[PDB]
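Just one chain follows, in the form deposited without this ligand, and it is written as structure tokens.
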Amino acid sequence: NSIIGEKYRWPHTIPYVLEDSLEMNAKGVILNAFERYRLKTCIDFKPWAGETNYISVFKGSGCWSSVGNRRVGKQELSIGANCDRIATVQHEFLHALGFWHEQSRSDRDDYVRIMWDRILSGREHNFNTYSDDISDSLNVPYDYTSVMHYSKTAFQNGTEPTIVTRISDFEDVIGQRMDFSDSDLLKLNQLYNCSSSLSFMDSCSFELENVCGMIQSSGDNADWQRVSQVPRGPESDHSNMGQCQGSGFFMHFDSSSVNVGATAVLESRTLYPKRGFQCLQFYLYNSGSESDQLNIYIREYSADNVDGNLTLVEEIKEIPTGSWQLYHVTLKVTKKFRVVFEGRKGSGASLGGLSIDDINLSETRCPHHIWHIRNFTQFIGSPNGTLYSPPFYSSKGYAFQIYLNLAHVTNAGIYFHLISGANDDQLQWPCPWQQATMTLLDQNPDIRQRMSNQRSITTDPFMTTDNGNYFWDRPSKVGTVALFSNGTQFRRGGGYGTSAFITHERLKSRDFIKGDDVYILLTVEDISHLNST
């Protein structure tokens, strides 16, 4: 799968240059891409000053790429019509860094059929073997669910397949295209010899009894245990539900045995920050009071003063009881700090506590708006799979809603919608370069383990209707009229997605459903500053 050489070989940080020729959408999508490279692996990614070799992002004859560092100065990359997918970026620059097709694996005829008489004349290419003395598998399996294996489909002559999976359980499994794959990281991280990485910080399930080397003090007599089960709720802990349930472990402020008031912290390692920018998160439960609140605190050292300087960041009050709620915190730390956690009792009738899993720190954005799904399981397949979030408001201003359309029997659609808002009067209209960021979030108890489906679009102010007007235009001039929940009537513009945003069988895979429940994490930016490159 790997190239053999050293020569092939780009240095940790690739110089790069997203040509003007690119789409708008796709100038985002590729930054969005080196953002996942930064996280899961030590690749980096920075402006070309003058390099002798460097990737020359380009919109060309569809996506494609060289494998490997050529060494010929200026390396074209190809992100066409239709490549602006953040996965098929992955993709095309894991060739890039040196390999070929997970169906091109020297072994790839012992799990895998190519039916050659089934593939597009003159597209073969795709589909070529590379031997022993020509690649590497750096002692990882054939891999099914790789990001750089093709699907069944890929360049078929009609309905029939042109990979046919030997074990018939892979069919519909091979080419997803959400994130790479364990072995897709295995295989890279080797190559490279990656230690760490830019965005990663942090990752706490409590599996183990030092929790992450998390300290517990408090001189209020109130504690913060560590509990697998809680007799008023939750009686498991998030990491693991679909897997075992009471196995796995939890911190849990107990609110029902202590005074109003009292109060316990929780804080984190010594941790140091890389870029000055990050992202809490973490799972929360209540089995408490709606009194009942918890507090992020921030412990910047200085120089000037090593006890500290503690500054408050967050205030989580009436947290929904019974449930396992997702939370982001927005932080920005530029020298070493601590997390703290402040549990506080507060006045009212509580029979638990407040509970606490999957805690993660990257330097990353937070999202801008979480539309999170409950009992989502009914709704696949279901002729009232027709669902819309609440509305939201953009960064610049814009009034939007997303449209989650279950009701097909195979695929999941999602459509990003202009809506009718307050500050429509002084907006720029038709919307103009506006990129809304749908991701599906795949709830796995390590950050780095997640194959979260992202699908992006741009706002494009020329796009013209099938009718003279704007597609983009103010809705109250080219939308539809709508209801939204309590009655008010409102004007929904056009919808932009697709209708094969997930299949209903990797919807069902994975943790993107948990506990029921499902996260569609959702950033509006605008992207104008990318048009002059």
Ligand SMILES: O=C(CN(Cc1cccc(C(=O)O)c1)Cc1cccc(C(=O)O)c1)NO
The other form holds:
Protein chains: 2
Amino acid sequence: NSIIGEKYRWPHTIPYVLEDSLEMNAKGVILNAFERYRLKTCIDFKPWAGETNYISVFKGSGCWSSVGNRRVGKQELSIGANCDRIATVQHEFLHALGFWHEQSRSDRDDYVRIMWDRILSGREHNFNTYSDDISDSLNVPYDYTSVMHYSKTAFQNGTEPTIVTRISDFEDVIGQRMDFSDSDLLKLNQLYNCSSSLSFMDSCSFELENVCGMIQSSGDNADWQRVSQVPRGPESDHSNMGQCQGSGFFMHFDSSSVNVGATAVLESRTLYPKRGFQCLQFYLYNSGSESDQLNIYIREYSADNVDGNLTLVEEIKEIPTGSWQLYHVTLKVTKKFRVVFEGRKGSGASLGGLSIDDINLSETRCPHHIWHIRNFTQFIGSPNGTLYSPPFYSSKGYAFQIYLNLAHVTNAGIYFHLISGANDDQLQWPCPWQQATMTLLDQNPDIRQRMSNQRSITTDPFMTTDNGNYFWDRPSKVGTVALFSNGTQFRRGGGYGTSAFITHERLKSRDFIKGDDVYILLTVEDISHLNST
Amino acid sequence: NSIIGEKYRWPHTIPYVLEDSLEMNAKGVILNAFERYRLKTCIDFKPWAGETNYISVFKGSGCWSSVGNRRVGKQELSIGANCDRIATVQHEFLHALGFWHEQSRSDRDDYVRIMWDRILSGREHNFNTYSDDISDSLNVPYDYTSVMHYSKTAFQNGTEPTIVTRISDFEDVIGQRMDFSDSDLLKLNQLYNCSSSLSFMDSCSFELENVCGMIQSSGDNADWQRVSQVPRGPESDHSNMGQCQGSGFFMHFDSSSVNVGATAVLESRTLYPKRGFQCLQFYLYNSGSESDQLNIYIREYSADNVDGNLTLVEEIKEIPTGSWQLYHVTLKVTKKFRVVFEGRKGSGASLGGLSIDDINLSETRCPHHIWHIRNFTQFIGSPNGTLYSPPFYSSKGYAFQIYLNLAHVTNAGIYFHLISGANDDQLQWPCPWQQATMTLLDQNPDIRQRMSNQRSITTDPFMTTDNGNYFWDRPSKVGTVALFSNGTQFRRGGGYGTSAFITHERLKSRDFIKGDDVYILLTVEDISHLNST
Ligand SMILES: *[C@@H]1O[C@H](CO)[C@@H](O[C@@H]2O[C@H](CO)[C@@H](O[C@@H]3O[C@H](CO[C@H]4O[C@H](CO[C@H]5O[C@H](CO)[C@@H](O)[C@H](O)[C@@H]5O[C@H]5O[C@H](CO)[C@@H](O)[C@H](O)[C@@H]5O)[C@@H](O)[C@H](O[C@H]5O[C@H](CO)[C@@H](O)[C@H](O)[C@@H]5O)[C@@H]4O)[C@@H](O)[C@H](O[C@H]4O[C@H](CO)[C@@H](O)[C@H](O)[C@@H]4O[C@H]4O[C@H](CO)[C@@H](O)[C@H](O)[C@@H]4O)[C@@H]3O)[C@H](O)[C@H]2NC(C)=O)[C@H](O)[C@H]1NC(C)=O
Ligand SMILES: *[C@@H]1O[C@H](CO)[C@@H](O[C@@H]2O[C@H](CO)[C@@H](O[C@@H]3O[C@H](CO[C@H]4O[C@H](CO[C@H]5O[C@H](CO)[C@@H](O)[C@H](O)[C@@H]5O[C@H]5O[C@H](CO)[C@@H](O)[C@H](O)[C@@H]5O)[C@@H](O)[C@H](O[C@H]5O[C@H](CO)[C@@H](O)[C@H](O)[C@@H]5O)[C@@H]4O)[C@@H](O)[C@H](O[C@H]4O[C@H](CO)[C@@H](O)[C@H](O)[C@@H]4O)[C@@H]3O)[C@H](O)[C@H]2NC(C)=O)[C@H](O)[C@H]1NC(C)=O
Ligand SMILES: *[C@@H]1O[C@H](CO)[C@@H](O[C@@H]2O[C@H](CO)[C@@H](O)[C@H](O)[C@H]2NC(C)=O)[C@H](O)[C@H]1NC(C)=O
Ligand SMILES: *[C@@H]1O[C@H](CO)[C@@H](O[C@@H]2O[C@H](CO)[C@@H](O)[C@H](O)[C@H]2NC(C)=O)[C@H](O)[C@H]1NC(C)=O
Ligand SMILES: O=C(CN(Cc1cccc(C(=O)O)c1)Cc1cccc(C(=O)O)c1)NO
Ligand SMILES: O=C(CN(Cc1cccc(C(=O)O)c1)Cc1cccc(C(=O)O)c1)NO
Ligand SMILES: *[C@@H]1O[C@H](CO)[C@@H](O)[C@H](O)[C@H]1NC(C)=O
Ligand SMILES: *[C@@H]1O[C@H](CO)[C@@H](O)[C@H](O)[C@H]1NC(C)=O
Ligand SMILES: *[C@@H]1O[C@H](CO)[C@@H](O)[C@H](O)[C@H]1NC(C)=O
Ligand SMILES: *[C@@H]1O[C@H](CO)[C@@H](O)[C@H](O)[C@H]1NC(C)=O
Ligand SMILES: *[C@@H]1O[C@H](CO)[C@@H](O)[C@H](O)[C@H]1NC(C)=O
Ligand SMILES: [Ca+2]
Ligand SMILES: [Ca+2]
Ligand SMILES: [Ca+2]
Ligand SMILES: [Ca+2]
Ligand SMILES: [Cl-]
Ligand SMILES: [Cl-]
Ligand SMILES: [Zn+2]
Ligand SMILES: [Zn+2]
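Having seen the form deposited without this ligand, I'd like the form solved in complex with this ligand now, please.
The next block holds the full complex; its first chain is the one shown before.
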């Protein structure tokens, strides 16, 4: 579904302009989409600085883009109303990069049947097919899960689908708008001879005996052990969760059989950063004591320190026992370096130890907060599936809470709530231009194969409610009464998001649910600086 | 371990000359090595035709090459005596393409320990390291399995190893000379922006519900079913063989519940050939009748029949029941086409069906013959581990037999025997310049991830034995008496190969043994046309 012709290729770095017609939330979402390209492709984006051909993103009618580099100078790409979704931006830029819709493939009739009699009159022009002399599928099979594939209802007249998948099980699969599919990357990365990405650094699941090049320190008291189980926990690794026999390993620091203060250090291979900011993430399991801790250091190398200088970046203490726990550690390294995992036994009694698995490192921004939902499957489609996150404080001081609604039969909804907080007396009301990004984590061991489902909203301080109040005003003024889990009363403002965050079927696909656990990643950022672009 | 500098890159297609000093067997092995590059990389090779810089392969002392395009015009690469091994040629050309040995990495001391007290005087320079200002490891961890990594005995004085891997399990792993490692390809394909290969077409294991783009035909009597088990067999697929719970699927044609002559047709996606010759391979399981057959067709597309005209290429009949069977089908397609699998029920009664799994298609030469060894593990290191293949006939008419000796404690040996045959009266004796290629198949589901162990020998008609006879003379004249399994007597000539075909440890690694089955692939080709190159 790629356009044939070297004249349609962009440079690997695309110049762009974010026109002022774009909504605030749209501008932030667009910049997020660029981050995804930087993680999984060799395509990059930079502000236009006089280049002849560039992309002008503006709030036109609908979401659309030309296919390929048209070399017309200013090439328009429309992110109109309701197009402010990261998957939609990725989709539109795949058009710009030279891709038609998946159902436009020359072989599309072998996999889907277009119901022309059920298309709305005047809408049949979007269901075209391109022959193999102008369209090249790059030796990749037809991809129902493509982010460039319409859903079954596209431009439908009535309740009857316009696109019918011959493999009936794919009827509701087509139309996913979560992230690149594996084939989307295969085709794009092939079309642009992509050898590496900007933001990806390392992914380690310990499934090979060389443990991703990590080295055991000799100036310590114990070694991390590559094991597939620990008696007291965990019974299996996090990557496979015991699915495959003889597979599924993790590194374990046995704190039960060492003295207080003893340490085991595991250091990563040498890494060369390109951006100056990184996010280190990994899953931890604690079957020992709450006094045991994991310390993260950064060993930076320079001409001044050829041996490398250590810097403590985070101490992870009081680790919950009995379940895998996701952690994020923010880094700001600019020189070649290693990551250091030091497991230290505390004074408390331990009968197990610390386990680490599914490590990923990328030159990306960490999420500000994480919502970890245990025993999640019971709530899908259940009346008691009305879930509220713990209270969090945004970077600017606003207290907020997340509402995830799984009670309805087909769709899951997610909403961002402001709640009463300790800084409300000194905060700006109504909440102005705070972009809340909510991401349902696709818990694939490899960050490169994650199709996380992400939606963003921006608080508009002029939005009002039916009774005349400002929607994002101080929760004590406009919010309803709510009770914390501990019984403490608080005020919860209006919730804003979408009732169509993710379908229950997609929620049960891939690795959104893993170990009956779900993780929702949260970032609340002031984007008022995007008003002028 | 890659050399830094854009001037050290070759063109993707390297011009080469095979000097007349090269041994006959070496010339054939080199051309075989090129086929591996064409299968797994974007590197190609063409005979030198006046290009300024080209590679001149000649029979120097030992096996060596410069690192990278040195832009000195004629750049020599030595394949001397005993260097005529496909993995050694691949290794030497990885040098030419710009790679140092893996243990020369700047971080090599974190993974291996050099026992300097054990190096031969004057050979310690061979263990030097290149810093990261001239060497780039391309963000790939240290690779013990690299084809560019010395074995533990390199330049050793005595019986004690010079290179000790700090992860002890890799002590005997380093030094593998079977094929590219996965990391070797990751680095090379990254260094030359390889987006695709010349010879790879498709790999299908049916592990995704879209079944690699294969189509179910409507003009037949039944459908192939994507299943993970069949009551009468097989109990699991061939890819995973029940290793992973809920995973491992194959396509099944149920002959038990259809009439005589009924067919189920599965057609592949559209394919575009580049070379004019292809090899289709796949694994079959038969739990039905001995009269059931699998027919392979090719649907070629042309201006004459836009719908496509079918051509029968092979009829697979009398399929042994109760075990997975590997098949190879030779193709000669030059226009865009599909592969067509037609399962046909015979007249016999059936309680099962035909199963197909782990299909691979590449623009490569099929092996002429295959030796399938059942219940293989019992013979490893056993006194009764002296195995003889069935008799085969080479393309020129010579009858031959393969001898695999597993009785030695550490090494497996393989030998090529000429045997008495029905054309011996009219054959040229002594056997002149017939190259026998013996390949222990690494039965990975994906052909692209196979590290098959291959050795080749060429019959020298002047080679003599101690008693004055020609080694490769007519077996009736110079051979010993032997009995086929059915009791029929024949004459077996001398066996030539190596007692160090593969170590037992490597033999038990990866997928050489799969389902307790081993496949040895055989090609005997006249290479007398290579005397003048
Ligand atoms: C115990 O087990 C033992 C081991 O299995 C077993 O021994 C085997 O017994 C069987 C049965 O008796 C023997 O089978 C015979 O094999 C012969 C050899 O076949 C191979 O070689 C053929 C000839 O190749 C030459 O010609 C080709 C082109 O024609 C060239 O491409 C070659 O380069 C080669 O040229 C060279 O040789 C020429 C001299 O012949 C010379 O002029 C020329 O210049 C050059 O030097 C190939 O055609 C043949 O390929 C076919 O068969 C194989 C099967 O293995 C397939 O895989 C191939 O795809 C292809 O189909 C082999 O490579 C055969 O000639 C002989 O065939 C004849 O008979 C059968 C059965 O009736 C017919 O199907 C066939 O058409 C032939 O019929 C012709 O001849 C007969 C008279 O001979 C005649 O009646 C008929 O009308 C017609 O004229 C037969 O298959 C086998 O050889 C034995 N193996 C060994 C190792 O010895 C033993 O019996 C068992 N014991 C018991 C008790 O059961
Ligand atoms: C039942 O459950 C409920 C639900 O949890 C419980 O309710 C909680 O109870 C606890 C304890 O009583 C409360 O803790 C208190 O929290 C407040 C707020 O913390 C957050 O904000 C801090 C201030 O942020 C402002 O300032 C920073 C710079 O200082 C700035 O960067 C920010 O952007 C923000 O700026 C804005 O606000 C300013 C006014 O404050 C303006 O001037 C400015 O212009 C801006 O408008 C912040 O410091 C803090 O960050 C730290 O802590 C978090 C979490 O611990 C951590 O993640 C960070 O890394 C930091 O380490 C938070 O973001 C806090 O101010 C209180 O601390 C003060 O008081 C104590 C006691 O004297 C001192 O020790 C401190 O030093 C400090 O002086 C206190 O921690 C919590 O707020 C409350 N939650 C809710 C939702 O109600 C309830 O208690 C439970 N009931 C029972 C019975 O158990
Ligand atoms: C990906 O790499 C290929 C191979 O180098 C590039 O193809 C070349 O493009 C130039 C510019 O038009 C042509 O003159 C050459 O003939 C092409 N070579 C081949 C073998 O086709 C291609 O341009 C690269 N893609 C991008 C997006 O840069
Ligand atoms: C692989 O592609 C890269 C582009 O990403 C090529 O690197 C460029 O090479 C040209 C010419 O040598 C230089 O002018 C550029 O500065 C390079 N750009 C970058 C980003 O490195 C490289 O030449 C290609 N390699 C091969 C073997 O074709
Ligand atoms: O693919 C697109 C959007 N698509 C139409 C569409 C709209 C809603 C749902 C679906 C679906 O998949 O269910 C598809 C085509 C298009 C082309 C030009 C203009 C507009 C417009 O928005 O007016 C829309 N954009 O690139
Ligand atoms: O790398 C190699 C092989 N050679 C380097 C070499 C080349 C030419 C001459 C000599 C020499 O001094 O005679 C040595 C090192 C080697 C040889 C044998 C076994 C192993 C091993 O891996 O054990 C390593 N060529 O590119
Ligand atoms: C949609 O279908 C209805 C029912 O056939 C018809 O009345 C109407 O005109 C159609 N509208 C369009 C835009 O196709
Ligand atoms: C929620 O409801 C589901 C379905 O009715 C039930 O299985 C589950 O136990 C309930 N959860 C809690 C925490 O009560
Ligand atoms: C090898 O070691 C032996 C044992 O000490 C020594 O006598 C000999 O000189 C050494 N040879 C070389 C070439 O290092
Ligand atoms: C060969 O010997 C091994 C062990 O010595 C034994 O397990 C196997 O069954 C034997 N195979 C035979 C006798 O065919
Ligand atoms: C030697 O090689 C040339 C070149 O291919 C070939 O034509 C010739 O026949 C070969 N010699 C013999 C005896 O086959
Ligand atoms: Ca793991
Ligand atoms: Ca240690
Ligand atoms: Ca399979
Ligand atoms: Ca059918
Ligand atoms: Cl992530
Ligand atoms: Cl193969
Ligand atoms: Zn589109
Ligand atoms: Zn070498």
